[PDB]
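One chain comes next, on its own, written out as structure tokens in the form solved without the partner chain.
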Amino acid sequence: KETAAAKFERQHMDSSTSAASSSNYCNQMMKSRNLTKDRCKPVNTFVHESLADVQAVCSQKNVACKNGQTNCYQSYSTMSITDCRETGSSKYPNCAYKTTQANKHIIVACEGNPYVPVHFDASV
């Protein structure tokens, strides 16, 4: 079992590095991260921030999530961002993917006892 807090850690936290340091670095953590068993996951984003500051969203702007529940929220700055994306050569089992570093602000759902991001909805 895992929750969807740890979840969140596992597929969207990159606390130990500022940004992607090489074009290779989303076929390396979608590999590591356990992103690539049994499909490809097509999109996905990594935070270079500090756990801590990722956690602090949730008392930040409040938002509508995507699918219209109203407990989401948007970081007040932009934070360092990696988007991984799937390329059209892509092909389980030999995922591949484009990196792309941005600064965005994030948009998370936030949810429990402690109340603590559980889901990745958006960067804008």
Given for the second form:
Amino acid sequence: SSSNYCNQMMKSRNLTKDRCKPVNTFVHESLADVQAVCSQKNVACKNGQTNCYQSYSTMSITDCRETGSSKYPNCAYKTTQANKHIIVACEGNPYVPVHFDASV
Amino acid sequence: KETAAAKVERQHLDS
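Starting from the form solved without the partner chain, produce the coordinates for the form solved in complex with the partner chain.
And the full complex, kicking off with our chain again.
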């Protein structure tokens, strides 16, 4: 693992300590603003469920993707920064995000 | 242990 944001955060958040996760997205917004998405635009999820919601606005996100040579225990990631709408699946009470369906 | 909501925060949020 290098020193880029992805290699470090994937490790710190317990994603690559015992495996190399192929892809992962980190959202750079307040927790409350992401939870607010559960009452925004209702859309179908990839699996066909209707408990997904798309954010009205784009959000700051960092995409982390394993390079072609990455191999446990030396996971390596390519970091890509972008601003896009997020789609999360929500459940429970309070109605909060439990899955990241995608980013547009 | 860790709820689905908490897992989502740990894996995807960086405020």
